[PDB]
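First comes the structure, then the notes that go with it.
Omission of a single protein chain aside, the complex is shown with its protein chains in their original locations.
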Amino acid sequence: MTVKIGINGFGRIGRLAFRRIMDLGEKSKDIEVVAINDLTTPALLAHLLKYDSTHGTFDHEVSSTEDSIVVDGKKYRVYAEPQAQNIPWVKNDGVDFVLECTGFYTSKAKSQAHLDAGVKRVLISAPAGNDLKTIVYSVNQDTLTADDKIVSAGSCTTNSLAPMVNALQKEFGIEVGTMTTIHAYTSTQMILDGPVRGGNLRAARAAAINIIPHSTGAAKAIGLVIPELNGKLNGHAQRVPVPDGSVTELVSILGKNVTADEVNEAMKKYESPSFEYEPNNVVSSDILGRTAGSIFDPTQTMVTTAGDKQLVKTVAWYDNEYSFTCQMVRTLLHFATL
Amino acid sequence: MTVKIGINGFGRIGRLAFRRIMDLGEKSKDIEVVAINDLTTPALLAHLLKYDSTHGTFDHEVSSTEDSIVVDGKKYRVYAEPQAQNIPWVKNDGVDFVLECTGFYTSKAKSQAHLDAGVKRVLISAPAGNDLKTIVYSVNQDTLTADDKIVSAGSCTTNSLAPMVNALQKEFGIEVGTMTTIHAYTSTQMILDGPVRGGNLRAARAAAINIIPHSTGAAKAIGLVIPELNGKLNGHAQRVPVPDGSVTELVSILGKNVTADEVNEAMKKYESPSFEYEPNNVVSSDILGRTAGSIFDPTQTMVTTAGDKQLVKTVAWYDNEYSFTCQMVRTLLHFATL
Amino acid sequence: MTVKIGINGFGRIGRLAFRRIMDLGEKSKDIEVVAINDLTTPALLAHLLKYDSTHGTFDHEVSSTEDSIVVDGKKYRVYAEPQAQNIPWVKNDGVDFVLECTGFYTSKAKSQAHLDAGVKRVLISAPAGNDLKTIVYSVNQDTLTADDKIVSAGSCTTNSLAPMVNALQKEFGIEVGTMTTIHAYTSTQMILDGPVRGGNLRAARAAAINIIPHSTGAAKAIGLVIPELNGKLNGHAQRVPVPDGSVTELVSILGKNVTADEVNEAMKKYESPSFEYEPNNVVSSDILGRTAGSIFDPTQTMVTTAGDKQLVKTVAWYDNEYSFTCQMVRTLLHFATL
Partner (left out) sequence: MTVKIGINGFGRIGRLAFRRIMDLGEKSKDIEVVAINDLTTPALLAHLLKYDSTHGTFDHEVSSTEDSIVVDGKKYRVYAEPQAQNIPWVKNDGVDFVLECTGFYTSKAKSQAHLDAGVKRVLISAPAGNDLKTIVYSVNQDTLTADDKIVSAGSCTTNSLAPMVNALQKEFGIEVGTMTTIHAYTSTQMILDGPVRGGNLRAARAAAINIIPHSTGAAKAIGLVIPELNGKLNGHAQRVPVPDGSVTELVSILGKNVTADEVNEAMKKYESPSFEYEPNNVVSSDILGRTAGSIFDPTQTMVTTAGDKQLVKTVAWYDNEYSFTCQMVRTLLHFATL
């Protein structure tokens, strides 16, 4: 009785999901990747599965054939279909659910192509509009029903923010808040200054030698995940020169007067596999490979009070790649309970 | 009638002040460096004056003798006195004011040693307590009198924050606010993880491969510069891997309801050599070599409103090295009007 | 009286050539850029001309129209023709010579399209086969004749290597040699690990956090520039995490017994605007903005001798972007003597 996963797009997230699923399969969870769909040569995909500059070397023998990646002598078929309804992984490989990572299928309407191939459910690894559910595991996975065939995982930043916001909202109420995520550079940024698809003047700039402000949607979209905070949050990002590892700061007005210790005790109550409480004075390197969606840092909590007014700053780390990945894998497991 | 400057400590800031003063001397301002005091070999100091990895090569011939740096054939004496009262630069070189950059003289009581050597006034390049004035040029230099012999320039971060806070306070009122400065790594951080003087667990970590949270004093000390905001601000920093170039975010509750455009127009009114208005979608690299203390970025201004509550985010860039340096040089010029 | 230049492809090199030509135009040189051809929106191109993370801010007012870049109120037409024979810059703008920077026209046969548009000569900013001349200014520009309509500048690395090799060959003879260039990352490298066009396993890897070995052609192609060394050199590169600034090491067997001092004096004899002699203990940052093709470093010269055998290591810095650019601009000036 294994949940069988097809990965559409073997990019950074897809590969890490492959690694994560194999690790959980070793710890007896009933889940496996059975097939991949990607237009890149399998040899190149195998090599990128094996060697990662951020996440280390995969501790398994990895090779390839003409049409597969091989891991510890087991074949994983790599199809090369630009159109999802033509991937035969349901009948050939037993795919139940698809992790949709390509960027080309980021809406309810587009990803229905997988359902035409006999796929039961699709989890899109990106925000995908508001005519489907956006799920942050540990916050709102219980809103999923048998009828939810296409689901968004939101963004990496939504999965960092929502657990912290959820705890604050339940314990104190949030009236209004603004986020800044100090964030690792990502693969679509430019290595040196040059024209970028879309024409954005900041996306065009050398990523590993600049602090670069960037627009985000995770705070304005919080209402998709926690409806009672719809329209109460906003934010942005600063892209900085680390290759992975990010931190989300939230400054809030709460419905109640608090102390920093009180805030921190409240976060500790919501500790779970998706929401870690990390008091050991860590830096971004220490966060790489963490499996929680959001790693709350009580050492950075600050309450600033003047007269009757109070501002509350709460800070969560995340591995913008692996935290997000592991949140998605938990959501894929949750699909089997539907 | 030149203001003659002695520099105590030819560290990064001292050297950049030397460069800045020479540049202003070329543009006819009546100011010059006449002498330096530093325990390092002059040859090494000359080389670091000439070549800088962040600020480029100084466009002048630079060499040294046993006891001097030579710039374009002119000698600048390098004394090597661990005790300031023994530096003979007043009688030998005509020093009026001292730029105190060593870290060993960061109080009113310690820097009085310069006054024992016949120095008229001392500007300390760091926060130096509250029994002397902390001056951010363009904000409170007019509080200086003839009696102010020892003065603090505050920190680099205070000089980024105070012009923006000053404008907001005059136009709207600030009730409470919290800062985060996303900040370049500095010379006292560790290149690789290892023990650091003091034992701080975060200061110990590799600086160019981590986002590292850091305590700051610039927001809590704002009352020294703008007394009516005493106790109303707090903040911290995130040290990230750029060698220079920083940005200060302030989230405020204002005494009045506003729009982002209204906030930005208000900042534009206070534009000056110390406070630049920069709407051209810049990144940190573009800020290197800027001469303003604070470079307001209207593209990052955000007003988040929910019900009757409003949070206002305002963002200022700064060259944490050169912005600070140039603010200090303006303050040294102001000393001649006392 | 002015040599008028059209730039095809306004990429990093094209933009730097624009800057370099404007700087030389300010110093009296009879040369100007009159038009550009590029498919990118002019506004984006103008912004990247103005702001560069490596080379600083261009000290001119820069804006754009729908079809031009504007610099200090002067219009520079941006055409958007995918086929070079359709660019009307000869009749409209008086283009004499084209700097060909697109990558799409890197052969004698392809770049002839410019000649069909009435262009007198084309300099290709890349190695372009062996049925045309490859010119490294200061080494073999005097092989050009009136009949040379299409010319290669070689690569950035050829321009760093050839001056040094030339001096060694004339003074001592080279019998055999091998190069390693420790080289800045470039715009076609990946920011994070992922599939790359071509499938190269190393080109796929995160560029700013790895030392990455890379195949080069500059040593094996030296026979195009210095025919007597055809087949005597080979080499490779190590790509490292600096955004610009590179160094070329050559290990040689020379036809004569030498000392390090003798080698260094020999290089000093060939000093010129294209070949600088730099004894001041510089590092890569100091090399950024240098205008020579090759900056010889006598502090790194080593001769290792055992019995009758001798190995000679000679080292030249270069700004892999701007050194190359300025070499090309000197070659465009040389075209006017044909």
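Should a chain be cited, it is by its letter among A, B and C, assigned in written order, with residues numbered from 1 in that chain.
Going forward, a residue touches a chain if its C-beta (ideal position, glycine included) is under 8 Å from a C-beta of that chain, and two chains touch if they have at least 3 such contacts.
K.L.:
Determine which of the presented chains are touched by the chain that is not presented, and list them.
P.N.:
Its contacts among the visible chains are A, B, C.
K.L.:
Among B:204, B:221, B:222 or B:295, exactly one should touch the missing chain; which is it?
P.N.:
Result: among the candidates, B:204 touches the missing chain.
K.L.:
Identify the residue among C:284, C:291, C:325 or C:331 that touches the chain left out of the display.
P.N.:
Considering the complete complex, C:284 is the one touching the chain left out.
K.L.:
Which listed residue (C:242, C:267 or C:329) would be found touching the missing chain in the intact complex?
P.N.:
C:242
K.L.:
Could you pull out which residues of chain A are in touch with the chain that's been left out?
P.N.:
That gives, for chain A, the contact residues 47, 50-53, 56-57, 280-283, 285-286, 288-289.
K.L.:
Would you write out the residues of chain B that touch the absent chain, in ascending order?
P.N.:
11-12, 40-41, 43-45, 47-48, 51-54, 185-187, 189-195, 199, 201, 204-210, 241, 243
K.L.:
Spell out, residue by residue, where the missing chain touches chain C.
P.N.:
The list for chain C reads 175-178, 180, 182, 201-202, 205-206, 209-213, 231-236, 238, 240-242, 245-247, 249, 251, 253, 281, 283-285, 297, 299-300, 302, 304-307, 309-311, 313, 315.
Throughout what follows, only the chains that are shown with their structure count from here on.
K.L.:
Just how far, in Å, is the C-alpha centre of chain C from the one of chain B?
P.N.:
Distance between chain centres: 40 Å.
K.L.:
Need the CA-centroid distance for the pair chain A / chain C, whole Å please.
P.N.:
One centre to the other, that is 42 Å.
K.L.:
By the touch rule stated above, which residues of chain B touch at least two different other chains?
P.N.:
Counting only residues that touch two or more other chains, chain B contributes 281, 283, 285.
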